[PDB]
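Protein chains: 2
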Amino acid sequence: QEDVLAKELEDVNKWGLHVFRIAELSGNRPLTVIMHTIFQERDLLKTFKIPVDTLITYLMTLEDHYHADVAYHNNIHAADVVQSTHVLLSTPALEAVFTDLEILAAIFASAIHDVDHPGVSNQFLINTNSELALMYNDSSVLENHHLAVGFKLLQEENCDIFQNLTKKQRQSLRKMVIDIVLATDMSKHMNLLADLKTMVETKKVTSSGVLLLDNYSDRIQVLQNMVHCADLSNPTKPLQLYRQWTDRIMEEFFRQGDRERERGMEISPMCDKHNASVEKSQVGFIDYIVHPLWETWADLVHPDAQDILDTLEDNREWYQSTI
Amino acid sequence: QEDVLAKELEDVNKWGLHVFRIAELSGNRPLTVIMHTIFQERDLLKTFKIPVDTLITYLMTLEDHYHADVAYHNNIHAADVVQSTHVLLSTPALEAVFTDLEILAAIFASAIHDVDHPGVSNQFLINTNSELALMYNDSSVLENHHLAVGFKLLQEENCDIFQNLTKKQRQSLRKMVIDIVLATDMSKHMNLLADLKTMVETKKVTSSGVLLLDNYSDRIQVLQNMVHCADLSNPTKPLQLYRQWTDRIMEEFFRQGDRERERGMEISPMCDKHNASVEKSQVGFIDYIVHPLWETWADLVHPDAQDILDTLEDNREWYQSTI
Ligand SMILES: COc1ccc(CNc2nc(N(CCO)CCO)nc3c2ncn3C(C)C)cc1
Ligand SMILES: COc1ccc(CNc2nc(N(CCO)CCO)nc3c2ncn3C(C)C)cc1
Ligand SMILES: [Mg+2]
Ligand SMILES: [Mg+2]
Ligand SMILES: [Zn+2]
Ligand SMILES: [Zn+2]
Numbered sequence: 088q089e090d091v092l093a094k095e096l097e098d099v100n101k102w103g104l105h106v107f108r109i110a111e112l113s114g115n116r117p118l119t120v121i122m123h124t125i126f127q128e129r130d131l132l133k134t135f136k137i138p139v140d141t142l143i144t145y146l147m148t149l150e151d152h153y154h155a156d157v158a159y160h161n162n163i164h165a166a167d168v169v170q171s172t173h174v175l176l177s178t179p180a181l182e183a184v185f186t187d188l189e190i191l192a193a194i195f196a197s198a199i200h201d202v203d204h205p206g207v208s209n210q211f212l213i214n215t216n217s218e219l220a221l222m223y224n225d226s227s228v229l230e231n232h233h234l235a236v237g238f239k240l241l242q243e244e245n246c247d248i249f250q251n252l253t254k255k256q257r258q259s260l261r262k263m264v265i266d267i268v269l270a271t272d273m274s275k276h277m278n279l280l281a282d283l284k285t286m287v288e289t290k291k292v293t294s295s296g297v298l299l300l301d302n303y304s305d306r307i308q309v310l311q312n313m314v315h316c317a318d319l320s321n322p323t324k325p326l327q328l329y330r331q332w333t334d335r336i337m338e339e340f341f342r343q344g345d346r347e348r349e350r351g352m353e354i355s356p357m358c359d360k361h362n363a364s365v366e367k368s369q370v371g372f373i374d375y376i377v378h379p380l381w382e383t384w385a386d387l388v389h390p391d392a393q394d395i396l397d398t399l400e401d402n403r404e405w406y407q408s409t410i
Numbered sequence: 088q089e090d091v092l093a094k095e096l097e098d099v100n101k102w103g104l105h106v107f108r109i110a111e112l113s114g115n116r117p118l119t120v121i122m123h124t125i126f127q128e129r130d131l132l133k134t135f136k137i138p139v140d141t142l143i144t145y146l147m148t149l150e151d152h153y154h155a156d157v158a159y160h161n162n163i164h165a166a167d168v169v170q171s172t173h174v175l176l177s178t179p180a181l182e183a184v185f186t187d188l189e190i191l192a193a194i195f196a197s198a199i200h201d202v203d204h205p206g207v208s209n210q211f212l213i214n215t216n217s218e219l220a221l222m223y224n225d226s227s228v229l230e231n232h233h234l235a236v237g238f239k240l241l242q243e244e245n246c247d248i249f250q251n252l253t254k255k256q257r258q259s260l261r262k263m264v265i266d267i268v269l270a271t272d273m274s275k276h277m278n279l280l281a282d283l284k285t286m287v288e289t290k291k292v293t294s295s296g297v298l299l300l301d302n303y304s305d306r307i308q309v310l311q312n313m314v315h316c317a318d319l320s321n322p323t324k325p326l327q328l329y330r331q332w333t334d335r336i337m338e339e340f341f342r343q344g345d346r347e348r349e350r351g352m353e354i355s356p357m358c359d360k361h362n363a364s365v366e367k368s369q370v371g372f373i374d375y376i377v378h379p380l381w382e383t384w385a386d387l388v389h390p391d392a393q394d395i396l397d398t399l400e401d402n403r404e405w406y407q408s409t410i
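Chains as they are written, first to last, in the deposited numbering: chain A, 88 to 410; chain B, 88 to 410.
Extracted from the complex, chain A is given alone in its bound form:
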């Protein structure tokens, strides 16, 4: 079993990794084994003097704080976003662009970005007067919580994977991680995309042909959109993966709608199992959200992401053909 797991982890640099198989083969530790593999591949333990036992201890605790009973927003989703960000960071248009600390920030942010997710939306938490919405004043409720949990877990026994960073490095990493995870709130998507479009229209390339990002605003904007693309990458994956992700998020949505229905609330869009069309919802989500985002990202790194965009377009056509 460990032999098969090691074989599957050789695909960590590939779009379309067998992440559900890895989850089973690893004994439901996909986030731990994928993060460890990526940290070794990028030499991050050596670069930042991270003790291997501290890394594994933190990863296992972080993974435990994802809810195993939530159908979509669980440790498999976290592992998938981590691995997707890792591939996007390796795109030729970004070679030598980001520092090791920025790479660490993007990968760590991906790992923690949905930790302790309860399987219901920000709007549900706001409308039900939840303790989370009360704590966070209705503003990026979940995303603020994911950050607080992800950072708090570093203070548990033998969990501070950043123990050997300088103070300035820790301060910079903390700010970057907060900026990235807060950008995963879907209420920020339209303004995030509008800014990405402006960057593409005005983009500068070095004599090396890579993107020129010479200030914090531009650098953090690219990392925010990168992780947001990874979070919205399911429809760009091979169809057998995309369909499994769709089955999972549909189950999560329908469970929220069942709670809204019981409470006498208006059921959120796409959460009514007695009225939803999953196929029409996929085409609309791709047409209005996922393809506009990925087409813009593909323009930024052109032509590095052409095969990803082609897969997204093929998957849209497939779902459309089922209607």
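Check the hints yourself; a few may be wrong.
Claimed, not checked - Subject to a maximum C-alpha distance of 35 Å in a straight line, what follows is the list of computed DSBU-like cross-link-like pairs (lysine-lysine):
no.: 1; chain 1: A; residue 1: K290; chain 2: A; residue 2: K275
no.: 2; chain 1: B; residue 1: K255; chain 2: B; residue 2: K239
no.: 3; chain 1: B; residue 1: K239; chain 2: A; residue 2: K367
no.: 4; chain 1: A; residue 1: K254; chain 2: B; residue 2: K255
Worth flagging that the hints you see were computed from the coordinates, not collected in a lab.
Given the coordinates of chain A, work out where chain B with the ligands should sit on it, guided by the hints.
The following block gives chain B with the ligands in isolation, referenced to the frame of chain A:
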């Protein structure tokens, strides 16, 4: 004692209320008595069907969550900001601008705007890796906490003063209160002031001189700046009041500097009791922060803020003469 307390409360509509005397005469309940007086003066209990015992129960609970051992950010400051906002809301140039719900939001926001303040700054909380800064991801740490406490106290027994508001009224009030209290973070001062200036330059007024504010975005910006002005109203008050407020905030600042010194931290500006000039700091704070804000406010409500601005200018001249 109760008769002299009632006599001082007759000045509730006037700039320069004897708030420290009210605090003493009321047995350290200035917030409860001033809020109660303002609610009766504005007919808010009958307009919003607030039971008087519920209002008093909430107000006393809220007042109890201001720290009695914090020299400045305590219940007297909260009472002062409430009463200052109450006066600014009655500016003739703002007649007919704000709905009853907007008036309620501004007054409630003022009452809760510093609740549970620990007597140290956001930067101190961030730099000491406090629980508060961990919870709130370094962003408007105190202001998010003040809001969460103020709303959470409504859930205590017989404390829901909004129990008879319609559901849409409660959602609207909550959003406005959040927007207002978050605007009291001093890191937002410059952007807030720039937006107030833009509004002044493009302001539309009636024949008499009454402001016309058609869109919610403009009206919430005025309420944000109004409560911010009330928060920064100490230097515009009669000198005897201003000097008392200065003594209290100096004590609070120096106590923070003592904690920073004990911890071996870099001492915050104006917090080093061994290297401080409180008088020079007043002139500088007036010249760079308080006068630009109040002069812009005075222009927006031209000429209704002239007496307040006159007092600020006299106080600046006096503090300069002590140098
Ligand atoms: C009935 O079942 C399904 C299943 C999937 C979808 C489409 N996928 C996703 N739809 C939505 N939303 C509904 C579409 O607007 C919420 C607003 O974005 N948020 C998503 C999705 N995938 C990820 N996220 C966020 C959690 C990042 C639709 C309906
Ligand atoms: C030695 O003692 C004193 C006493 C008062 C001041 C001047 N007043 C105030 N100074 C400052 N700051 C110090 C720099 O001006 C921080 C923000 O710039 N924040 C204030 C003040 N009054 C209220 N707030 C906020 C809490 C809203 C100076 C030094
Ligand atoms: Mg999320
Ligand atoms: Mg405050
Ligand atoms: Zn996610
Ligand atoms: Zn205040």
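The hints, checked one at a time:
Distance hint between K290(A) and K275(A) is fulfilled; the C-alpha atoms sit about 22 Å from each other, no more than 35 Å. Between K255(B) and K239(B), the direct Cα distance comes to roughly 19 Å. Compliance with the 35 Å bound is thereby established for this hinted pair. The suggested pairing of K239(B) with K367(A) is violated, with an alpha-carbon distance near 41 Å, which exceeds 35 Å. For the suggested pair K254(A) and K255(B), the alpha carbons sit about 47 Å apart, so the restraint of at most 35 Å is broken.
Of the numbered hints listed earlier, those contradicted by the structure are 3, 4.
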